[PDB]
Structures are given as C-alpha cells and as structure tokens.
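A lone chain, given as structure tokens: the form deposited without this ligand.
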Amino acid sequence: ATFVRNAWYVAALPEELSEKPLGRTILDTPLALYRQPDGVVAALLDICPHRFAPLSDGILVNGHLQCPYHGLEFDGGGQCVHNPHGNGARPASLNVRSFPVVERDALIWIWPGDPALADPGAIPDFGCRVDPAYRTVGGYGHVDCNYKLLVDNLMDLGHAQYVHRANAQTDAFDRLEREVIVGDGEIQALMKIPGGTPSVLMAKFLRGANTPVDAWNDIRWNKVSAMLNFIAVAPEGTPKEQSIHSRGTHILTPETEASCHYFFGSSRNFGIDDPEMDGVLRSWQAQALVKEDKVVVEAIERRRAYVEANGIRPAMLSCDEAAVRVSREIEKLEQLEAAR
C-alpha cells in the first residue's frame, strides 16, 4: 500500500478513548490509543518490542501501559519504564515507537511518519467543533473501501441528489451553480442551489417551512483527506453568511489499502439546545453516511479487480472538476513521499 505518512490523520474521536486502550490500525500501522491518568492521549505502536504482543490488550499500571504477555511497562513516549525480569535492565531496545498526537478541535490527530517532522501548524482547521456558538454531534464509521473513493464521494456532493434522494433531492438541481477555488494545499468546491423548494433535510433545518429557498452545499478539502462542508439554507436572496447552516466534519483515514475510517460530524448554528434536531442530524448521519454512501463505495471497491484487469478508466462529467483536482493532488503527494 502507498500512503502519505508525513501528514496528520485523525485516529479517533476523543470520546472513543479512555484508560482502556483502543487498538486501531491507520495506514497499515497498528496503534494502541489511550488517555493517561493525567488526561494526555498517547499513541504507541501496538507491537511490544519484546515478542510483539498487542499492548492494546494490556491495562494501565501506574499510568503506564503494561504489556499483557510478560509485563513490560511503557510511558506515553514509548519509553520502557519497568522490566520485571532478572536484573530489571531497560536498554533502548525495549522502547516502543510512539506517535506524535495533537488533541485539537475535538479530534485526535496523529502523525504516522517521521516524528521529527510533525508540525502542529499543518493540522487542518476544524475550530467550529469546539466553538460554543456551534452545536456539534457525530461519530465514527468503518468502511471497506479505499479512502480515495470517499474523498471522491465528498468532493462531488451532487451525489446527494441520487444516493440520498429521499432526504436531499431538490427540484432546483438543474440550476446548480458550481465553482472550484484552488489554493495552496486546499481546494474548495462551491455549490449553490437557487430558488428551489427546500429538500426534506433542509425543510427539517427550517422546521417545516416549505416556501422557496436558496441553499448551499460547499466543501473544503485539505491534504491529505480532511474535508469540511457547508450545508446551508435561507430565504431567497438572503446572503450565505446570514444562513442557518451545518459545517460538516468529513474526515477519512486509511486503514488498509482497501479499507478506511470515517469520522463525521455536524456543527450547526441553529437549534443549538434542541435534542430533537440532534436526532435529525444523527439519523441523517446514520442513513446517509454509514449506510447509503458506504453501500456505494463498498460496491465500487468490489469492482476494482475487474476495472483494473480490463484497463477501464473513469469517464469524467462536468461535476468532477474538484474531485479530479483533489485526486491528482493526493497522487502527487503519494509520489513525492515514495521518493523519500
């Protein structure tokens, strides 16, 4: 598998983690992820340097992760801090690899490449997730596809018109206005849907109001595979910036070449103290993201062998510009990294 290792990836949502380790593989690298007694998250290679047992099946002893096999103890920097055996000697050979972690924007970011190069300034901005003006709900999904298929999915949100038609179909789809803005390490795909009846989802945002609206569904990509969308709806002619909206976290992290982790969320500026609106967004996430999109991209992954064996290449449509530009940027990053 080719992955871009010198980049930050979301490995977990903070609420997934505790003093009980979580074993999760990112970029074909098995990790043991836990929150220490002092609250700091650690990420260790989930392979004990002694005989390769899963540290993730161990427990904390004195805030130190104890290997379940012969009881070596490790701190969050991977240092072996206790060896129960013989003279108890702890040479550097017993230290386990530790991965840089930044807990930011209610995300656990990990750097899986050269730890010397881990630069917190490179972490994409998802500040809305911790902004008290936004209400955020979301979760985790596992998907049996190459993460690039879900990047493709997200970078053409037009797919919602079909894949999510029961919730997302608009009668103004024929009048979509698209632009693509290309920045440095960042690409935006903008979509405005002018003058339509609100979709079923947008009508729920508005609490049933069914008169004509403008809607937007923009998305921002940052390398490698972190996206933030803007789903918004307002009375015709009222500015974007004044709209009720959800900024959607859509972040992918490769697991294996043919599987990935999907971290999703909605950060909304409306109905902030409304458990029933929470439910609308959670049920949307459960149906759209973890069911419908999964089913499409997992089917596409199953067709990979045929496509490759037969030299089949995708045929592009007018809606693909942003997805293609992103795909080419990822490929470029992949090749740059394969040189190092």
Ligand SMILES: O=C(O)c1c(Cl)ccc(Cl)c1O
Given for the second form:
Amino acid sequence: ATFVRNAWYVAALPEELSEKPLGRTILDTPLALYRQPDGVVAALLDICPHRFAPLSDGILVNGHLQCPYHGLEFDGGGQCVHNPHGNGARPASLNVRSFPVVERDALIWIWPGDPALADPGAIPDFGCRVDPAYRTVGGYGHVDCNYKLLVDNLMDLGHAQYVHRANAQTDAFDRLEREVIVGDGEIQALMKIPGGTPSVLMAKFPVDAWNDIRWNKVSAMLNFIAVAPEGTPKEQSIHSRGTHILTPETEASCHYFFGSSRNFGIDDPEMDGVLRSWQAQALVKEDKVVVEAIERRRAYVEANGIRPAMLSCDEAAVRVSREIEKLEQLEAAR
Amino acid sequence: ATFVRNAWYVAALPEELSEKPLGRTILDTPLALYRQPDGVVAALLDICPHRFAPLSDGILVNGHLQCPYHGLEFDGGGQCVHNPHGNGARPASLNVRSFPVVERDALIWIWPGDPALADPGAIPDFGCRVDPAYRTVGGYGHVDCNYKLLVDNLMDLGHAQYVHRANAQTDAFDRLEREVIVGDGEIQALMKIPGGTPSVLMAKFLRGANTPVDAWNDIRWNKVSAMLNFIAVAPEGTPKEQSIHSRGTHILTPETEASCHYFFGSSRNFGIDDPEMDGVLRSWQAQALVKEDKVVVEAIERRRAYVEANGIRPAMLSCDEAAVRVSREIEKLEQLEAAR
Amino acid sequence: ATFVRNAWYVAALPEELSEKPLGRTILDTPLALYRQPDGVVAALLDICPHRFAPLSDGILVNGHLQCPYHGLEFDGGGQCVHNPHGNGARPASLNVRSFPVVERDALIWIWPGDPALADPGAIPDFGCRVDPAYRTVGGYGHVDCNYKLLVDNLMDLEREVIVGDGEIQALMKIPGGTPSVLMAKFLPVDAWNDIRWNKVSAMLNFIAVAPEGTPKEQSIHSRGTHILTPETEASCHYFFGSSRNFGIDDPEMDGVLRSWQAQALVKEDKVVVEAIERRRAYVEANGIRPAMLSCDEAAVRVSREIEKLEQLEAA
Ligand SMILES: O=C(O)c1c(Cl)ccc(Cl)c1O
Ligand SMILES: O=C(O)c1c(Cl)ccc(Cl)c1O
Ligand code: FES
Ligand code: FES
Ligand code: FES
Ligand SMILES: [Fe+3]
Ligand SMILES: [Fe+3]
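Switching forms now, from the form deposited without this ligand to the form solved in complex with this ligand, please provide the structure.
The next block holds the full complex; its first chain is the one shown before.
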C-alpha cells in the first residue's frame, strides 16, 4: 500500500467514541480510540506491547485503558501506568504508541505519520458541522474500495444523474455549466443546472440548482448542494453543506464519513429523515455498489494496461487524482 | 493464469440470457452478456472504457447497454453510440471491447482471443441439442476447480463406478473393453460394458427391465474442453447403433485458474415426450455432476498446494490413456499460444 | 510454514476415530485417520497416489480403505492392495504415504516429520489418562491462531521453573492456599498448580489441594491434558482433558470438565488470541517484538526451545 501518512485523517465521528474503545484501522494501522473521563480522546496503537492483544477489547480503569489479556494499563499518551505482575515494574518497553489526535468540527482527526510533523493548523475547515445556524445529520460507512475511487465518485457529482437517477435525475443536465477552481491544496468543481424543474430530492428540499464540491488534501471534501427559484441569487439559496470525508483502511478498503449540514428546516424532523434516507440509499448502497465493482475490476485493468478514457465531466476529479498521486510519490521517496 | 484464448468457449446457455445483462468471467475476463431487442446476443468486456464500471449492472436504453455510472451507451459491437456529456463527442477511445459470439446448438459460444481469428467452422458439433429427434435437458454449475480436473474426470467415465456408484455401478465393470481413437483435434475414449445387469440408472432408461444388457459409455473431446458422451444400453447382443441412448453435453469453460463453469446436458432418443424421464435425468445431473463430481474435484483442487510443494506427480492406471492424451494436447495448445 | 516436523503430535482423540475416516490436517499435511477392523488406527496421507482424491471420503472394503474416485484400496501401511483396472497390477508407485502412528494414553500420536527418526519411546507420558485411579474426560477444539500463542497462554496461567531437554516444568505451591471452587468440597490447606511442557506443544498440569503437610502425590487433584497441534501456520487443534481423583462417579462434573470454554479457552480469550493472530502482519512489517513480564519466565524458555528445534530443522 502507498498511502500519504503525513496528513490528518478522520478516524471517527465523536458520537462513535465513548469510554468503551473502538478499534478501527487507518492506513493499515490498527487504532484503539476512546474518550477519557475528562472528555479528551486518545488514539493508541491497538497492539499491547506485552503480547500484542487488542487494547480496543479492554475497558477503562480509572480513566486508563486496560489490556484485556494480562491487564497492563495505559494513559492517553501511551505510557504504561500499571503492571499488575511481579514487582510491578514499568520499563519503557511497556509503553504503547499514541497518535496525535484533534477533535474539531465534530470530527476526530488523527495523524498517522511522522509525529514530529503533525500541525493541527493544517486540518481542513468543516466549521458548518458545529455552526448553530446549521442542522447536521450523518454517519459512517465502510466501503470495499480503494479510497481514491470514492474521491473520484465525489469529484464528479454528475454521476448522480444515473447512479442516483430515482432521486437526482434532472432534464436540465443538458445544460449543465461546469467550472473548476484550483487553489493551493484545494480544488473546487462547480456545476450549475439552470432553469430546469427540480429533481425528486430538490423538490423535497422552475428552479436553479448548484452542486459544487471542494476538495482539500488528502481526501476531505465539502460539497454545496443548493436549489432556489429561477433567478434567485446562489447565496440566498437554501443549501446543504455535505461532509464527504474518506480515510484509507487498507489498500482496497476505506472509511466514509458523510454528513449534511443544512441552513433550512433546521428544527424539522421530517427533513432529518429525507436527508438520512438519501444518505442510506445513495451513499451507502448505490455508490458503494459502483466503486466496489470497479475495485473488483482493478486486477484486470492493471494486468492489461488499460487506462481510463476521460469525458468533459472529469477535469476536477483528474486534477485531484494527480494531486494525490503527487503526494503519494513524494512520500515514497523517502 | 495460462488459458488457450484463441478457441471457442461456451459462455452461457441461451436460457440464461435476456435483456438484463449477465456478468460472467471466462478465462479471467469479465463479460457482459445480453440478448438485444432484435434477438442477437452480445458480449462486451464488463469494464466501461470511461471509469471501469460494470456495464453488466446497467440496463438497455434504446436497445443499447447503458453504463450505470455516467451513462455512456454501447451497441453490440462495443461502439459508443451516445455520450451524454459536454459536446457529446465519441472518439474511438470510448468504444469497449466486443467479443465474437455464435449462438449454435443451444449454446452461446464466445471467442476470447484475437477477434480477427474467430472461425465459426472451428466450433464443435453438438447438433443433437437442436435435433427434433432428441429430447434435451440440462443446465449450469459452478465449480471451484481448475477446468482441467473436470476434463480428467470426464475423459475417464470409469469413475462413475465409484463416484456415482448408487446410480451407475455395474457388475460387469471387470469385463470393460476400452479403445482410444486419436483424430485431428479430437480424441475418443470408448468403453463397452458387456453382459451385465443394468445399473440403477440404465434400468430406469429401460423402464425397469432387469435382464442382461450391453452398455456403452463413450466420450469425444474436442479442444479445448468441450466433450460429448454417448451413454447407451441395449439387450445383450443388440447392435450399438440400435440402442437407446443419451448424448451428454459436458462442456467446461475456465473462469479463473482455480474455478470453472460447467455446462451439462442430456440429449436422449427415448421417452422424448416424458416429463418423468426428464426428471430422472435432471436428478442425475443434480446429484452426479453438481454434487458428487464437484465434491471430488474441489477436494483435489484443495490438495494442489501440497502436491506442488512436495513434488508429487500422479500415478497412471490402465484407465488413463484418453485423459492423459487430452491433458497433453491442452498442454501443447497452452505452450503454442505462450508465443507471445 | 515453519513447523517442527520431527516430533510426536496428537492428531485425534481415540473416540473421534472409527471405520469411517476422519480427514484432518496437521502441520499443513492432510491426513486420513481411521480404525481398521482389528481396531488398529492407520494414518495415511489424504491424497490418493492416482489422481489425488481424498481417501478420507472413502469407505473400507474388506478392511481396506478404498479411494472414492477410482477404487484403489490400501492397507494401513499405505500399500496398494487392490487395483480394479486392467491387469490389476500394483506397482510401488501406487502406494500411499503412511505416517507413524501410536495409540497410547487415550491419544492418537502421529509423527509428521522424517520417519526414520520416529521413536515411540519419545512419546510424552500421559499415563494418568488410562490409569483407573483417575477419572478422565475431555474434548477437542479448533482455534484460528498460531499454536504458539496457546502454548504461551498455558505456560503462563514458592515458584520454580525446571528446564531440561525437551521438557520444562513450572511449579507453584501455595501454602495457606485457597481450594479451587471445583475441589473445595472434597476437603487448613496447601495448594499446587504445576505445569509440564514436552516438545513441541504437549502439556500436562497438576492442580491440587490437601491439608498442610500432605504429600502432593496424596492430594485431591486433577492432571489436565492440554495438547496443541498446528493445523496451518495460523490455526491449531487443541486437545484438552482432565484426569481427576475426586468426584470420579459424578457425571455433572464430567460435563463441566468436557466444556471447551470451562476447561480450555473461554470465549473472551479466544477473541483475544485470534485478534493477536490478525496483528501478526503489522508486527512483522514493523519489526515489533514482545516485551516480557515476570509472568513470562516459563513461556520464554519454552519459546526458545521451540525456536531451537525449528532452527535445527532448517536443513
Ligand atoms: O450527500 C450529499 O451531500 C447530498 C445531500 Cl445530503 C442531498 C442532496 C445531494 Cl444531491 C447530495 O449530494
Ligand atoms: O451426464 C451424463 O452424460 C449421463 C447421463 Cl445424462 C445419464 C447417465 C450417465 Cl452414466 C451419464 O454420464
Ligand atoms: S498482551 Fe496486554 S497485558 Fe499481556
Ligand atoms: S464509468 Fe461508464 S460512463 Fe463513466
Ligand atoms: S484418485 Fe484414487 S483411484 Fe483414482
Ligand atoms: Fe453518489
Ligand atoms: Fe461423474
């Protein structure tokens, strides 16, 4: 596996974590994630230094994660704080790796690379997720594809015309206007779908519609899905700001953190349902089926030297793909 | 995986196909197989040229297969016939590979190699499957073995005496007469079982008659892995040409190096309008082929790792000539093609 | 795979075997295990010499195992004794490998390695299992981990470790002891909890209680059979049991002592060891080594003796 290890990744949603550890692998590194009694999240290598047991299968004793096998206890910095055996000696060899963690924007960010290099200032901005003016619903899915396939999926939101046709079809697709903005470690794909009638989902939300997506390295995206009367200014539109963040698990699997942060109907539980239903149907079923299928075709494509043929809808995805490749090969030396 | 690509293989039974595509892998090549609205079967590489989505998950739009991801449309020759995006241009890079198909003898034959070389004259003769004088029943099985193991299985039909003993055991097995005939592209293993009580199955062929019979179990192989047997039984001394018989379709197609597709059938000249005989034959196929032979050859496949790691080679018996000759011919074909 | 092949391993409990063969893989070697009409167990390579079918899917014909595929028949020595085909000649090429096998102490021992070196005198002493002074029960389980992890766990659980050649004993006596819950009712006590390891992965423990001053030989006690046999690199067979001198006629006690979770491996510990196996790749890729604790003294000694045996065999 080539991964970009010197980057922050979402390892969990905060609501996933408790005093009961969660075991999750990121970039082929198994983690034990838990919240301490003072509310601070810890991320330890999920391999007890004694005999390699899953720390994530243990419990907290006085706020310290206890290995379920022979009961070594660790603090959130990975220091061994109790050895119930023999003289109770705690040599430095009993300490476990602890990863840099930042809880921000209702996300748990972890740095799996060179710890000397982990700068929290580099975490991308998902502030809408903790803005009182926005209502945020979402969750987690696991996907049996390489993460870059789901980056591709998201950076060309045109696929929704077909993959998600029951919800997302529109006749104005004819008249799609595209636009890509490239910035420093950030790329945006803009689509405008003018004048058309609303898709099934937008009608639940003659109109203009905007589906924009912003990528920041490595694989963190925030989209902007908006619909409004024809003629209505984009900035006056009701919108969902969509969290779509990917984290590699293995070379051929990933973690998908998704969310809708909406500026409309924010006390409306029927709207909560519309959006959770979309997430359930579109993201965790329909897209999964596509990208998992493509993953299965990788061996053939690679064995036969097949390269993708690009269409007019592919600029932003291609630019993002090249940026990740650039980061991946940069790190591979050294 | 080494396969012989310049050869016809059965990809499907016609009854498996419709306007809803079937995704099936042959010789490590994923295919989308469907019958167009005009009735003609198409076989496309199951990898969209754009971003590699399974066309087999798509549906027909105007009788063209539509990619389910971003909606490119293809015809049965693989030519992109609509691009929904931008100026809608369709350069040659958007065409997908199409595979030659011949629908013949109630089989779907496909050429997985160089399509310029696909010669319908080379398709083996299974005409009995479409001869109104024969009644044909059969179906499909998937097996977790290298196809060559089932070729071995079939080219020694003597295995039926043990593997299928409840149905096939004969008390005249020890009087078996064998011949092997070697032709151009073709090998036959002939077995006559003279003078025995009919097997449980043969007695059913004969509507219970339990007096002594002669029986024949012959098999013809054509390259690469298409076999047709002759299972026949008659009152002792009656000519073989006068017998009631089933001509058995036994055709294998590699899927991966360690798995294959098994297309089987019986084309019989007796009890032609008889649904209970249909059931006897389908039952045999379900028990003998899809269960009992599966169990043997899948177990053998699981032992391949050990055999190879330990330098173990098979020990041949008098029953093996035809199977060995076939194996050596498939080996020859593989080697010819490995150039390059 | 790195196994120590030159040693006796348990392949089955006698009660598992009959004239219907059992197919079981030990040290990545597929075996057909069965009893002949005279009761004597044979252990054949589960690969027919003809075309490699599972002999273990066959039946006896006149006391000889018949291949299910084309009917070759073998004796317990692996000699082909009938060929149905043609002239029926039986060249030596048709013989199947037969493994040294000894039924002793209500265990079926097999030697998977160089057969020249198999000496039945070297088979570990589990005589308590057939001593009528003891009530013996047990059973079988499978675990998806490397057998060494289970040997480690067993060799853990006035202290004393005795290291000799292909045997290690870990002794513990607890004066002022506590009876186990199991033994408490058959009684100011001494307690004992000892374990004996013999190469490669065969263990016998000694769990005991008596009034202080009593010879441990005269205590209330159980001798526990705990024998691991590698299946693949990442999986193992675990033969467990106990030979006890208390409650010998109590069938309820027989039942709890036949329990895999009660006697060999509770679910929570199986979860742990199977999880450890899943971490092996990471540990190996990152050159991570275990950090030992005071409880590891015996396990480490055993571990080092196993590693020595492996190295010897890397011929
Ligand atoms: O997953 C999203 O961000 C999304 C939502 Cl919540 C609603 C509508 C559309 Cl078209 C989306 O793409
Ligand atoms: O599968 C066959 O070709 C077959 C049938 Cl249908 C009936 C009887 C025998 Cl012995 C066969 O081998
Ligand atoms: S493996 Fe964690 S304390 Fe032993
Ligand atoms: S993958 Fe087929 S149109 Fe995009
Ligand atoms: S495989 Fe055993 S007799 Fe043929
Ligand atoms: Fe989607
Ligand atoms: Fe058969």
